[PDB]
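4 protein chains.
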Amino acid sequence: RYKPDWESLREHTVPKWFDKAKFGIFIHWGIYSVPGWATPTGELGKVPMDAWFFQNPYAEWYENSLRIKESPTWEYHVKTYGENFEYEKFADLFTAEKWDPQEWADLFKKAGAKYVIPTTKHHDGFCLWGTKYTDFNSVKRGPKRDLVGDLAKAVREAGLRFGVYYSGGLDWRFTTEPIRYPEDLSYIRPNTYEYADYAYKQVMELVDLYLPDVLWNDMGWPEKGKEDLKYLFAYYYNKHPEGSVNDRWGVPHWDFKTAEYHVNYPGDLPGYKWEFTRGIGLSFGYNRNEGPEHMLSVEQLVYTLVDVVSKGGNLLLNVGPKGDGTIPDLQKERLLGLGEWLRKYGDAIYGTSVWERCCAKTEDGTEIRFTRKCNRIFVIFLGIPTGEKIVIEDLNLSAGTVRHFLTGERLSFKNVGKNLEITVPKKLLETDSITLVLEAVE
Amino acid sequence: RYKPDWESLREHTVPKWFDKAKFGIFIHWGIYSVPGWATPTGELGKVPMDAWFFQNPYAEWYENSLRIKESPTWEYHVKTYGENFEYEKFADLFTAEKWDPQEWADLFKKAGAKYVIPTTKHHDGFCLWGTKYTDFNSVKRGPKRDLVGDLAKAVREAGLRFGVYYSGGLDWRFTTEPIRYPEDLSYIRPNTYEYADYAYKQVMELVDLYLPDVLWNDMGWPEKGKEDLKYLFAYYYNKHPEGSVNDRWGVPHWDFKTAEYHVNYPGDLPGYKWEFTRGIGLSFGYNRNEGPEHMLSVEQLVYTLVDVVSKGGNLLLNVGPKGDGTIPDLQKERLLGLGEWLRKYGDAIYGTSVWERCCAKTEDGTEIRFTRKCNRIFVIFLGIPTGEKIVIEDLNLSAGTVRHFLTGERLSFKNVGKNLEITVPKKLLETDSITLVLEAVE
Amino acid sequence: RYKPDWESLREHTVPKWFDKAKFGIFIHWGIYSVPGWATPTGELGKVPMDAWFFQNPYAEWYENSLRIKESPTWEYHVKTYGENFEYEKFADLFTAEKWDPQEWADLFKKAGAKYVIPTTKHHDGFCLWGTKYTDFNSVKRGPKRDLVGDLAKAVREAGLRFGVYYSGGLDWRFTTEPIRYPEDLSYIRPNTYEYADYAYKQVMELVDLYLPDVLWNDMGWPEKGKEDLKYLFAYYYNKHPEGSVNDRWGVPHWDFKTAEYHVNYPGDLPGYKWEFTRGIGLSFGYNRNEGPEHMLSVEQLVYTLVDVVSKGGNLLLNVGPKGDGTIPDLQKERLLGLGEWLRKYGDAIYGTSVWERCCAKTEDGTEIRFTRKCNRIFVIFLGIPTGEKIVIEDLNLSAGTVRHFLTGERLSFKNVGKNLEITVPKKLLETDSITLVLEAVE
Amino acid sequence: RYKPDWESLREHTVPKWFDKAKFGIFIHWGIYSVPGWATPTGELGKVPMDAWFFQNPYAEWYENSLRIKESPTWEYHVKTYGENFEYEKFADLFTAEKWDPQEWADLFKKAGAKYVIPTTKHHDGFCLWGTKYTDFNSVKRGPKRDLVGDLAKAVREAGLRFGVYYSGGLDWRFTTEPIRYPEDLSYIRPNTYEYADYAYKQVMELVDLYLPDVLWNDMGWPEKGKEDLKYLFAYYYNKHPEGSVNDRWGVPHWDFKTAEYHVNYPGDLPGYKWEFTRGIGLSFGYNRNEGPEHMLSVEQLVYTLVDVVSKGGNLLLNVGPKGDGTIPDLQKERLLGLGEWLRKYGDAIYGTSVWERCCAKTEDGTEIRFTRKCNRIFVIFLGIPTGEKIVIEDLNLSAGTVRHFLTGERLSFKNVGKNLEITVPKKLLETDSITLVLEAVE
Ligand SMILES: O[C@@H]1[C@H](O)[C@H](Cc2ccccc2)NC[C@H]1O
Ligand SMILES: O[C@@H]1[C@H](O)[C@H](Cc2ccccc2)NC[C@H]1O
Ligand SMILES: O[C@@H]1[C@H](O)[C@H](Cc2ccccc2)NC[C@H]1O
Ligand SMILES: O[C@@H]1[C@H](O)[C@H](Cc2ccccc2)NC[C@H]1O
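Protein chains in written order, with PDB author numbering: chain A, 7 to 448; chain A', 7 to 448; chain B, 7 to 448; chain B', 7 to 448. A prime marks a further copy of an entry chain.
Heads up, some of the hints might be wrong.
If we take Cβ atoms under 7 Å as the criterion, some of the chain A' residues that face chain A in the derived model are [said to hold, decoys possible]:
1) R7
2) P10
3) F180
4) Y199
5) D203
6) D214
7) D234
8) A240
Pairs of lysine-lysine, DSSO-like flavour, derived with a Cα cap of 27 Å [claimed, not checked]:
9) B:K9 - A:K52
10) B':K328 - A':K9
11) A:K75 - A':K245
12) A':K22 - B':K263
13) A':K232 - B':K9
14) A':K22 - B':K22
15) B':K263 - A':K263
16) A':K245 - B':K263
17) B:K350 - A:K22
18) B':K379 - A':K22
19) A':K232 - B':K263
20) A:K232 - B':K232
21) B':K26 - A':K379
22) B:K22 - B:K95
23) B':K116 - A':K230
24) B':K232 - B:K230
25) A:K379 - B:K26
26) A:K95 - A':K138
27) B:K230 - A:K232
28) B':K236 - A':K9
29) A:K236 - B:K9
30) B:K26 - A:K22
For the record, the hints were derived by calculation from the structure and aren't laboratory data.
Cβ coordinates follow ideal geometry from the N, Cα and C atoms, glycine included.
Bound-form chain A, shown alone:
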């Protein structure tokens, strides 16, 4: 039994399943998905926060942007929907007409994901389950359906872990003023006792109805409610020990940390479990303005996951569905392409551990990432070298045998000084897809 205190909850470490899953699908879907619109300005960590909230590239932030008059979103809204059309009104057009959960889970399984996390309530405070705590949810409005639940059955049928995203820190149903600058976030929050009780009841509800594998909170937890978390975590873990919890509660406990786009990205191995999060494009919620110029390429996705994994993390890729319940093809294409590379190279990703170091580079700088599996050292090149002679800078293998991962073919190598040279026959190099993968056994 876990007890309701930080010292006792320290005992709960991140579950083996999570540590091994390596790749998950985040899903930001809500009434904001309907206008599904945002100025695709850039990447968090790259856009000056002085203008960010006024040129918000995150479509889930539509209501906050709409509250800022004379903001691209405001202009777009009045021209498209009209001045008199309140944000909340989108819960009526959000009908998920063409939603098939089994199709999503199927697609996430094909894409190589091992877990899925949908936004159950994002900052606009609209809920995608039949909460008994508010009438602004998907059962009484829009869809008339318990999306969280039906999706949880599907992802589970597909044999995938299911977690929940929940906006503990922000709920615009409790405020009127929009966020215009980062500092605003320190005072424009629900602030009441009532809201702290609401968050607590709602996450308890998610724990009772769905017993998720992950509690992924966002934007901190209401100060007046931080202490409830001792009770909620004990309760949760006691019902579900292999459950997990992220680091965005603003309290002493968490099972794994998080890093967003540029924000918090580790340069080398950190000493704890973490998860990198990002959209395929610049937004989490669907943005009709994003085209391929904005999205990552399959090649880029793979390089990303491999880098995140060689560093001890998991990659939580976000997809942003449309109001009708369909997943844009630009995003479906890319999921399938990552999926495909994972079918071929899964074994060097899933279930792996960090090695002595994460990184290395060749003589002409192709970047190299490492992962472990007991005595087997996977060597992953972000790309496929042209030459057959290959020179890895600063590295000596103690191992006796290096093998070409996809074929098995033993390879010739020798510690040439402070480096290691290996010879890969073009017939092999020609077989790899996106990444030349070697396998060393010391």
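Once you have looked at the hints, place chains A', B and B' with the ligands on chain A.
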């Protein structure tokens, strides 16, 4: 940007407008205005608090007095309205039948007021705006009108600053026992988390709907809610920097202090901005039992404002309207009379600063008050001397020229020892009204 | 960098070296070592606490015991040393005349310990290093030597890790009344701010002077100083990230938990790192009353270690030296015994991880424990079976091969139903020492 | 009387004398003044903090620097003084052989300073008065003199106000590890209750012995002592109401805020009193490596002061004396320069208030600043224009007359559109020194 912490809110000082306004109208109007009744016992600071709540001379306290059986109010109520008539029932007779806000603002402008503050919710918890937090408000009951709002438009059209009074500390809708002695106030309060949230939401609502120039709280703020105030003040000031806030919250911040009847009245210059408050009569809410024997005279009003002003304060005079929305003539007379003296002598009051000292007295003790305006020193006599030779005790003017304020007429004066003698020709003395005003230029 | 807050320190998990060490030596050595006397009552968890402190079997508790008049220790003292003989007088008799730190480290290395932790200050508050915060230390009294530092140099040259034990929660130099019942521990403590600073300054000083590998606190941390630990842990981890901290501070953070004698002993796999501690006998400090009847036997030491290791823990075995600095022969014998067994079987102990289950037993009740090392599963019998037929209950191996560990000889086995039967040829059975160890590869 | 609580202390606003003084002298003088060495890296706000403490340009940080092995300061020390030479050894070389406090005060008076504030104790914890709480002070070591008191007597006889600087947040006598990165400041501090008492007792003692006009704390106040400040401020203000306090205590109360070099510098009118501080050069303590290339020029000092004053602030210019007590010539020259300009233009600086705006510029980009004194508006050009035609952008004066300040000569001007043009006859332009100053009366 102001931040949600006491140290950062320290930066907000009392707005220039307030410091210069000098005189404001407080308005205590509510369902208590209908019985409009109280035993006119005396002045706060003069009535022994051992009997005060049982002989309450403040008519807005009607419900508290009514809850004390065998109390003059209780007797009067059962004879006039009946045992079976609950206090709350007055919200049905409170119909403001004859209310014209434009007429009030007009009258307050003529009376010389620069700002106005109506009680939006007094201790009986009835609200004079359409709050969404309670059904006991003027839109759903009584008037069927948003009094706060309609009055805010009017006072603003009249070009006057508008603030709000709000009973943060007491709300009898959350208690059943009456206050019988001062000590009772330490435990008979709403006390719940819910009430702290209610106050916070309601003042936020007043800030959102009306963005007042002044947040005038009363009776302290619910202990469980004091910390919200960091957030509310930052929020408020950030929306309205020239906004102001009084000192009755029981937290580290405030823009100006307060003093009631005898309670907290400074003897000389204090080193911060404050505001003296009092009714024209002994009550704030309308009291049909008060006659002129109870009210201040125009002469007394003027002497009061001048004394309060020479000491750095503002005078917040309270008027108590009737249930029909009309302002008793006894009170209208006096407002107009103060107004009249302000038309003549405004320039020695509005926009002034304290001088080296506030006070002085003549040889035969007519009291004298001082105000400044750069190098111009206004010298105000509380009354008009008969003689022409005048002797001001303990004072030497360094200034070269003294002038009779109303005419301009240079006057003859000399430092005669530790005193100053001046000669005012009766033709001049005969021109002043209520106060002989001199003007010195050093 | 770690930051001074529980959330950030959570980032620091137990160092890999500690997780893999499995076996460490504790050393209770102090002026109490001189009288080196205690009644061998029994084991913590088995002696009713109503009598425990009056028949204290822990000899380091001599001063507490002496403070209880008419207690075995009091009588013993009066008779052997006299009434005029204060406990602190032992600091001068504690001369460590025959102490050779390098012999100790040689000794601890032979026995198999991978780390050593001496008491730098026990409840009697005597310090075994030249602290600058007290004169009651080994540099100024007795030994005229920095025991801690001199021992650190030696252990480190033997290639073993060094940690320190510090009695943060109790210090008899700051109290007068002895502990008679467990409940006394709740109010009889130093209690002052001055004591909290002292404790703070002393651990800071140990960090600064010897940068220990483990900070082993005991009896909790002074309530007034609990918040100092955020700073101290951050200070310590930023200077020594591979450093570690136990769980006896009473704050949200720890790297490994502790169990003592019967107290807090897990029956199956917990999910965090812990360490078990006990003496070779019933006391931690030297007890000249203890005979082999009170000590564990090499066989019991071995079974203790295996049991602890199969459950994720480390065993911290305590050694109680004499005031002259020699390690009593009954204890030296036993270390050597354990050390010999480790020489033969250590590869199935050091560097291992837990398996799916920790335990199993033979049809005839010999106890079995498991440990893992990748694909290799070590099956350690707590003793050596007689028959060649071996039936382990409730167990089926999927593994293709099962080898007899010490020789490597493949063995025959088959999953006979819900059990597993293996045949161990007497020649092999006769080869093992104390424990029959098998190796299975899946 | 002030009461010991933030709400009541709010009553104390910044004293009129301080608001009107505008210019003050800071004096960093200590044993660090002896080595008087530092690498002139640059200005705070412009040197990346990742390197800052290893190339510290603030010479008073010598001990911190010395504590970092292989740091310019460490090398410099070892080479010049030796390894066996501890920093505290400088207390004995700090003999102030040529110190004449009255020459200093004469000097500060000529330069224009209206108040002086010497460091009574800097981060190295050496005290420049005969404190009774430490032996590390100027009465017992070095100077054998009460520097603080002797300097207070002199400054006060010169008719200037006296304040004290006290390093409440840092004291290296209580720590061992140096600050290497800004984040260290969060855990490397005295941290003990004993230190909080000490700090408390030492400021109490400065109040008691010299009743300073300003209490200038630095680096925040020990967390354990924050609540002591309610008592101390109340104690101080009740003994000296015209006393004042800066904003580096980290509690709800302060009389004026502070900005340092680039750090916290306002671009336009804030709405509270603040003070700007910087050295004549890059360091506060004497740096014998600094040459004119590192110092501001009299012209830059003047523009600095005008800019600060037009924005509501005071400039606290720092002077760094030598261990013998003489003020280096490059700095004396500059004070005198500033002092001469103040002799001519001071009436447009001392006693002024801010105007509606602080700034404006000429069509040709010469910067302009404004200051007020009732109806008089001073227009200070940061330099002297060449043409006689002067076009100030975005500005219209309602004022009837515009005079050339130093002479009084009426000038011609007209609001040519959105600008204002004035003609300054070269004879006048040639009369001004460093800044063309005009005077406008409305
Ligand atoms: O859209 C949400 C937001 O991007 C947060 C991160 C964030 C950080 C700073 C400003 C806005 C948003 N990550 C989770 C997303 O669901
Ligand atoms: O009627 C209210 C009450 O007089 C408070 C002052 C007060 C003080 C002590 C007892 C009762 C009331 N001032 C504001 C008025 O609206
Ligand atoms: O003597 C110390 C005591 O055993 C603590 C545990 C303890 C618990 C309860 C009573 C006495 C002791 N563990 C370490 C030993 O050094
Ligand atoms: O050396 C002191 C330091 O400049 C503080 C400000 C400061 C801030 C950050 C690092 C070092 C110093 N201001 C007063 C000076 O005496």
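Going down the list of hints, with the structure as the test:
With a cut of 7 Å, the hint placing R7 (chain A') at the interface with chain A holds, because the nearest CB-to-CB distance is about 5 Å. Look at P10 (chain A'): its Cβ gets to within about 4 Å of chain A, closer than 7 Å, so that hint holds up. Restraint check, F180 (chain A') versus chain A: the minimum CB separation of about 15 Å is more than 7 Å; hint violated. Interface hint at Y199 (chain A'): satisfied, since its Cβ lies 4 Å from the closest Cβ of chain A, which is below the 7 Å cut-off.
Taking 7 Å as the C-beta cut-off, the interface hint given for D203 (chain A') holds, the closest approach to chain A being about 4 Å. Against a cut-off of 7 Å between C-beta atoms, the interface hint on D214 (chain A') holds, since the closest Cβ of chain A lies about 5 Å away. Interface restraint check for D234 (chain A'): the shortest CB-CB distance to chain A comes to about 6 Å, inside 7 Å, so the restraint holds. Against a cut-off of 7 Å between C-beta atoms, the interface hint on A240 (chain A') holds, since the closest Cβ of chain A lies about 5 Å away.
Distance hint between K9 (chain B) and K52 (chain A) is fulfilled; the C-alpha atoms sit about 26 Å from each other, no more than 27 Å. With a CA separation close to 42 Å, the supplied pair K328 (chain B') and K9 (chain A') exceeds the 27 Å bound. Distance restraint check for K75 (chain A) and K245 (chain A'): the Cα-Cα separation of roughly 15 Å lies within the 27 Å cut-off, and the hinted pair is therefore satisfied. For the proposed pair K22 (chain A') and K263 (chain B'), the alpha carbon gap of about 20 Å is at most 27 Å, so the pair holds.
Between the alpha carbons of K232 (chain A') and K9 (chain B') the distance comes to roughly 20 Å, so the proposed pair stays at or under 27 Å and holds. Our distance criterion of 27 Å between C-alpha atoms is met by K22 (chain A') and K22 (chain B'), whose separation comes to about 17 Å. For the hint linking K263 (chain B') to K263 (chain A'), the alpha-carbon distance of about 23 Å falls within 27 Å, and the restraint holds. Between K245 (chain A') and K263 (chain B'), the direct Cα distance comes to roughly 23 Å. Compliance with the 27 Å bound is thereby established for this hinted pair.
With a C-alpha separation of about 32 Å, the suggested pair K350 (chain B) and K22 (chain A) falls outside the 27 Å cut-off, and the hint is violated. Our distance criterion of 27 Å between C-alpha atoms is met by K379 (chain B') and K22 (chain A'), whose separation comes to about 17 Å. This hinted pair checks out: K232 (chain A') and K263 (chain B') have alpha carbons roughly 25 Å apart, not beyond 27 Å. The straight-line distance between the Cα atoms of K232 (chain A) and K232 (chain B') is roughly 25 Å, inside the 27 Å bound, and the hint therefore holds.
For the hint pairing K26 (chain B') with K379 (chain A'), the CA-to-CA distance comes to about 18 Å; that is within 27 Å, so the pair holds. For the hint linking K22 (chain B) to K95 (chain B), the alpha-carbon distance of about 43 Å lies beyond 27 Å, and the restraint is violated. With a C-alpha separation of about 56 Å, the suggested pairing of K116 (chain B') with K230 (chain A') is violated against the 27 Å cut-off. A C-alpha spacing of about 16 Å is found between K232 (chain B') and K230 (chain B), which places the hinted pair at or below 27 Å, so the restraint holds.
Between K379 (chain A) and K26 (chain B), the direct Cα distance comes to roughly 18 Å. Compliance with the 27 Å bound is thereby established for this hinted pair. Distance hint between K95 (chain A) and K138 (chain A') is fulfilled; the C-alpha atoms sit about 20 Å from each other, no more than 27 Å. The straight-line distance between the Cα atoms of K230 (chain B) and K232 (chain A) is roughly 23 Å, inside the 27 Å bound, and the hint therefore holds. Restraint check: the Cα-Cα separation between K236 (chain B') and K9 (chain A') comes to about 22 Å, which is no more than 27 Å; the hinted pair holds.
About 22 Å separates the Cα atoms of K236 (chain A) and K9 (chain B), which keeps this hinted pair within 27 Å; it holds. Distance restraint check for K26 (chain B) and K22 (chain A): the Cα-Cα separation of roughly 19 Å lies within the 27 Å cut-off, and the hinted pair is therefore satisfied.
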